[PDB]
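One protein chain is absent from this view; the other protein chains keep their places.
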Amino acid sequence: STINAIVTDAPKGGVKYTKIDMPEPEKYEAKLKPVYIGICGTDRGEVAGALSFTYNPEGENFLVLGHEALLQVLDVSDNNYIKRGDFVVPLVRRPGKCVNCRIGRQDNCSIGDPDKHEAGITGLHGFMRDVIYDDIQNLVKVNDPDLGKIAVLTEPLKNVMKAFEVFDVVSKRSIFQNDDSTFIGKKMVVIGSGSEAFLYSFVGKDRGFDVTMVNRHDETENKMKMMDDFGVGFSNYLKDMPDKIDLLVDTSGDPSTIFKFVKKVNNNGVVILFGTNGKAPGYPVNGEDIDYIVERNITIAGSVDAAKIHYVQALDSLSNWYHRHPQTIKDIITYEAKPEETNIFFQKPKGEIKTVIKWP
Amino acid sequence: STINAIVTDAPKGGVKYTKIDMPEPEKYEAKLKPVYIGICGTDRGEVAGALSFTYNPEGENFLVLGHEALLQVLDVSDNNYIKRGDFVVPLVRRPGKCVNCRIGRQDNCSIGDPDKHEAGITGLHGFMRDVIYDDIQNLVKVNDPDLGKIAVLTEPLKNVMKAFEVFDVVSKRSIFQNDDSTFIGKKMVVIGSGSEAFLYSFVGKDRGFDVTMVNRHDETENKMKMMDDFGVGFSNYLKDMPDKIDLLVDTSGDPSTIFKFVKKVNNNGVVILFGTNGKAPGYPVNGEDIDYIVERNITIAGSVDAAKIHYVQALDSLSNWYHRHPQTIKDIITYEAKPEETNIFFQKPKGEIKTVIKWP
Amino acid sequence: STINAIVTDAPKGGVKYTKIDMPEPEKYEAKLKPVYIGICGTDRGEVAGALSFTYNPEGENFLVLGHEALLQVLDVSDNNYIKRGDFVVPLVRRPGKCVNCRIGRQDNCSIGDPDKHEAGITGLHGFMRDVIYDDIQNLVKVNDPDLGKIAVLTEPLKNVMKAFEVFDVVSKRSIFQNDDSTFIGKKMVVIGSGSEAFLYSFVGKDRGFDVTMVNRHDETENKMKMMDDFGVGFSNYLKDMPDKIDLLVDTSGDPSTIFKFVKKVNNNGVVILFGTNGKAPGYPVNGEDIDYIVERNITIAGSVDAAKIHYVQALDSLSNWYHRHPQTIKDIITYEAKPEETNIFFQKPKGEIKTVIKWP
Partner (left out) sequence: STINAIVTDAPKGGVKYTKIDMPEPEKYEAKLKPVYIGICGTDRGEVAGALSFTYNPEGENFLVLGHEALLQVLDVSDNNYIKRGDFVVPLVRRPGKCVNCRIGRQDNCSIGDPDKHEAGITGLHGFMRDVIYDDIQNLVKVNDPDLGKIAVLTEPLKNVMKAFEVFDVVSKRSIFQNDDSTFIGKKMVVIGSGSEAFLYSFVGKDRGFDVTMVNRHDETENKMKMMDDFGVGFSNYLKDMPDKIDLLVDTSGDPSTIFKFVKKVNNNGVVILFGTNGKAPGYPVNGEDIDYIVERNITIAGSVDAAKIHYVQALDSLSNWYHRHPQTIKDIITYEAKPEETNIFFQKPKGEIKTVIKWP
């Protein structure tokens, strides 16, 4: 069977909305269709040919892009969980055979490649294509009927849910809370201000943190209004440098910013490294920096990807925010594009939060 | 009264053995004297004037040095735990008022200076003087009467015990062990080879790791034998660079070395930053270094001090080790100096691991 | 000054809505008045004279009842959290000196009476009175303006939240989840059909469990509709006895019912004991029952009270629930009484879930 799809040639790079030949399967559990698809710097990165670990599935010449999906079930085997017309989010990372992979924690794989594989990124076709085939275990059912396009933010949000679990593990080193058991006054600072930063901030707000997003420039008003709505502050760190940080999260991947901010972190502080950029210039870390970290019992936790449970938590969080802030949540999506507007892979509008592809 | 002591002028530096007027405090439960005091880079740093966070007590001009102590109780009020003639190890760090301090976790003080104080380093008189006064709760009784001078290693070891608690805490983020529940074949690498590296390595072996100590040069036969006695490996990383590290503990405090090794750490790897050196040159950390740490879910934790429980577990490990390998344990204590010999704070004795001051 | 208050003579019994002496205190940060006050088996129990561990404050021959409050501020010392006009839920348990009390976990006090105290129960006037004095610290702000009278359910729900933390802690002894990381299909059974049962059920659903409430009698349509709306099931256990239980929660206090459901619990199951009935009769537990608990690595855990963080967390779940389902959440509050209707402390009003007192 022949369909439309947005493909790349991984890692060489490039983008193309074209038609490819998809065969059928033998014994398939599920047939699905895209409805919305989100995009982040990973996609623009793949297209730029800036990612050195990505590849096409074995034997093939191309890779179908897209990992942030919101699908609908075209057909399924009988099961207690989903049926035709239900809406689902698909799992990006699939398990291998390592001690972590065999228990649904492929996000914490002990080998790396090629034990596990990410859809749209590493040797496994993504979701920007008219027809998709999968197993029910890999699908996370959207139970909230009112969510609509908002559900597509599940994929990006689950990364934050995992990272926050990693926080909960590692903050058990000491008592992070107050005298009274609470997070009140506790300070989170999120580097950057794109969708991820937003999600990170929203969740920290749920967790009781006082949250400030930050950048090396003033932001657009839509973003400013968004941060305002949810009780999130903002600071241009060239004008006003936030001090006394309890939880620091980097979505930038930039060492100068990271470590500059690392030096503002309080005793028992936790820093989460999430954002990545292979090209970022080196920043000189010295004896005093390491001493700073050590003398304060600080933890720097790199975090990547997530387990299925974290997709469930992501969806339940989007429900809570929807029914409390319907409008402004809607406005996390800052542009909706047809599949042939491939310019979105190369462009970077001021004001962007999330860009999605409404699928025909 | 007038007593003899070895003192410095914190943070400026220098040392002397001399008489000082030490007034008997207002309240106290215990009156003691030293038997042995160990020294390390901290003591030497204090004297070199290389530490800017140190300071003499209030109203006073000098600072009695010494944190690594083994004392004998001269007199003590009636209690259930210690009797006159008992030997004990004193707490370095004393609690302030924060939420970690007030539960006995001043090692994880939420404020830092000046909520917590450390005897001999920060505004609190150390243990190289004739008479010392204290509270019973701040004294850790030595139960094993065979340890003698070995008990003086309680202080340096307790920092290792806390660094291992931290490993136990942050390792719960994934499943670290093999799929048989054990740590067998899991590669622990320790940068450096001094007293702290040894203590690390011995505890690491007790925890079930394959342990390799490393340095930028080959080691003495005497130290090799000691290592070999505990089944600990040694490698010159300029002649044979270890790879696939699961637990990395640095005692150098050197950024370039720290990050060179970080780049060999496996998925789910944990890096303990322990060793500090403010004057260590700057190493440029780039976007790939950050990405490495991110894609591998690696945790970098800095660790300082310990709780009283860690002293208790330190003493017990010394007991287990001494009764298994008396000779190797004796071999750590490589010189027994008199107080008059203040030069030991300036020049490093021939083949040092642990230098100690026997107190008259 | 003279105020109105509902009061008892504890532990003796009885209740009256009367007038009382209230001297304006010296030391107070805040001045509040009740808006709504809820009641439960505890309130009836005190009034019935059935709780032998309750008592009046020192040198007073009455105890103002009421522990489940929604208050409004009248005057407050300057501070960045709460202002005149704000609504707040007061803390019930107050901390003493123990190692858990001093870190805001009076909930887990390690001493019991008289190191800790509960408003309305043990030595501390409750909240059914015209004027309350308190400290800012003991008050939790309600930030959701739509919540109104639904916030009064905070005190009951925070006990659930704590029990789930208890579950979250003890369930770490093994891997409780599916090999997909999820709780999908994990069976939760709540003994009882009361307000507490419902609260647990809703939290359990939020947690991913299949949840079933059980009583020894059939239920109403008012109640069943409410359960259905939240995806919660119901079964009369005389007609159908649930099996294969992963998390059992008892709100009844009845041995016979507890241990009968205990013997339907899976390997690694957790049982939460929450409800209390000192008057419930013995049920013979034999060695075979014990062996059953052992061989399945089952945990049986008592949970009482909660910490401030669990109030905050409670309030946040109620907004979530109210905003997803305003109907059935309104439907929890089955009667609004005036203070003079002191008959609600003797007779279960008709079809009760939660009886509140709307204050003048």
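Lettered A, B and C in written order, each chain numbered from 1.
Convention: a contact is a pair of C-beta atoms (placed from the backbone, for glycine too) under 8 Å apart; a residue touches a chain by one contact, two chains touch by 3 or more.
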Residue among C:40, C:99 or C:131 that touches the chain left out of view | C:99
In the whole complex, of C:173, C:225, C:330 or C:348, the residue touching the missing chain would be C:173
On chain B, what residues meet the omitted chain?
-> 80-81, 102-105, 137, 175, 177-185, 206, 208, 307-309, 312, 316, 319-320, 323-324
Omitted-chain footprint on chain A covers residues 99, 102-103
Tell me, which residues in chain C touch the chain that this view leaves out?
-> 99-100, 102-103, 105, 107-112, 165-166, 169-170, 172-175, 177-179, 253-255, 258-259, 266-268, 273-291, 293-304
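Keep this in mind: only the chains that are shown with their structure count from here on.
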Of the chains present, which has its C-alpha mean closest to the combined C-alpha mean?
-> A
Can you give the whole-Å distance between the Cα centres of chain A and chain B?
-> 41
Using mean C-alpha positions as chain centres, tell me how far chain B is from chain C in Å, no decimals.
-> 47
Rounded to the nearest Å, the gap between Cα centres of chain A and chain C is 37
Send over the residues of chain A in touch with two or more other chains.
-> 102-103, 105, 175, 177-179
